[PDB]
Amino acid sequence: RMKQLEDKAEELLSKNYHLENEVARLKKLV
Amino acid sequence: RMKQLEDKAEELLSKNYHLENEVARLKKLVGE
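The listed protein sequences derive, respectively, from chains A and B. Numbering-wise, PDB author numbering puts 10 at position 10 of the first sequence, and it's gapless, one number per residue. Numbering-wise, PDB author numbering puts 12 at position 12 of the second sequence, and it's gapless, one number per residue.
These are calculated hints, taken from the structure and not from any lab test. Note that CB positions come from ideal geometry on N, CA and C, so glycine has one too. Careful, some of the hints might be misleading.
[As the list claims (entries may be wrong)] Calculated cross-link-like contacts (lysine-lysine; reagent style DSS-like; alpha-carbon spacing at most 30 Å):
(1) B/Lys27 x B/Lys15
(2) A/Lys8 x B/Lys27
(3) A/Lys28 x B/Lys27
(4) B/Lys3 x A/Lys15
(5) B/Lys15 x A/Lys3
(6) A/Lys15 x B/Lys27
(7) A/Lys8 x B/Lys15
(8) B/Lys8 x A/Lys15
(9) B/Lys8 x A/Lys8
(10) B/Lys27 x B/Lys8
(11) A/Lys3 x A/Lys28
(12) B/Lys15 x A/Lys27
(13) A/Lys28 x B/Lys3
[Claimed, not checked] Restraint ranges, calculated between C-beta atoms of paired labels, are given here:
(14) A/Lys27 x B/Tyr17: 28 to 36 Å
(15) A/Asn21 x B/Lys28: 16 to 24 Å
(16) A/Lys3 x B/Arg25: 34 to 42 Å
(17) A/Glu10 x B/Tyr17: 16 to 24 Å
Turn these sequences into a full structure, and let the hints guide you.
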């Protein structure tokens, strides 16, 4: 369960970063 | 340690949703 939550945090961080990049991309388009 | 990791997932999920909401708003303005 330790490693599973650890994998989850890392996954969510990756997703977070992708969304930040999307925001930056969309802001550039504006 | 379990509580700490759980808190981090909840934190990151919340941040994720706020970003999703912002992305969705921005897409509508540029027209995606």
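Against the structure, the hints come out as follows:
1. Of the supplied pair hints, the one linking B/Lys27 and B/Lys15 holds, its CA atoms being roughly 18 Å apart against a limit of 30 Å.
2. With a C-alpha separation of about 27 Å, the suggested pair A/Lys8 and B/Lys27 falls inside the 30 Å cut-off, and the hint holds.
3. At most 30 Å may separate the alpha-carbon atoms for a hinted pair to count; A/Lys28 and B/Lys27 meet this at roughly 12 Å.
4. For the hint pairing B/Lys3 with A/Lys15, the CA-to-CA distance comes to about 22 Å; that is within 30 Å, so the pair holds.
5. At roughly 22 Å between alpha-carbon atoms, B/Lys15 and A/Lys3 fall within 30 Å of each other, so this suggested pair holds.
6. A C-alpha spacing of about 18 Å is found between A/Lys15 and B/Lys27, which places the hinted pair at or below 30 Å, so the restraint holds.
7. For the hint pairing A/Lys8 with B/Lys15, the CA-to-CA distance comes to about 14 Å; that is within 30 Å, so the pair holds.
8. Between B/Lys8 and A/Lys15 the CA atoms are separated by roughly 14 Å; this keeps the pair inside 30 Å, and the hint holds.
9. Between B/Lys8 and A/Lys8 the alpha-carbon distance is near 9 Å, which keeps this suggested pair within the 30 Å criterion.
10. A C-alpha spacing of about 28 Å is found between B/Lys27 and B/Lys8, which places the hinted pair at or below 30 Å, so the restraint holds.
11. At roughly 38 Å between alpha-carbon atoms, A/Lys3 and A/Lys28 are farther apart than 30 Å, so this suggested pair is violated.
12. The hinted pair formed by B/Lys15 and A/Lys27 meets the criterion: a straight-line CA distance of about 18 Å does not exceed 30 Å.
13. In summary, the hint linking A/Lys28 to B/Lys3 is not supported, as the alpha carbons are separated by about 39 Å, beyond the 30 Å threshold.
14. For A/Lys27 and B/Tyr17, the Cβ-Cβ distance of about 19 Å falls outside the hinted range of 28 to 36 Å, so the restraint is violated.
15. Range check, A/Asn21 to B/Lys28: Cβ separation about 19 Å, and the 16 to 24 Å hint holds.
16. About 36 Å separates the C-beta atoms of A/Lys3 and B/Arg25, a value consistent with the hinted range of 34 to 42 Å.
17. At about 18 Å, the beta-carbon gap between A/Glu10 and B/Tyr17 stays in the expected band of 16 to 24 Å.
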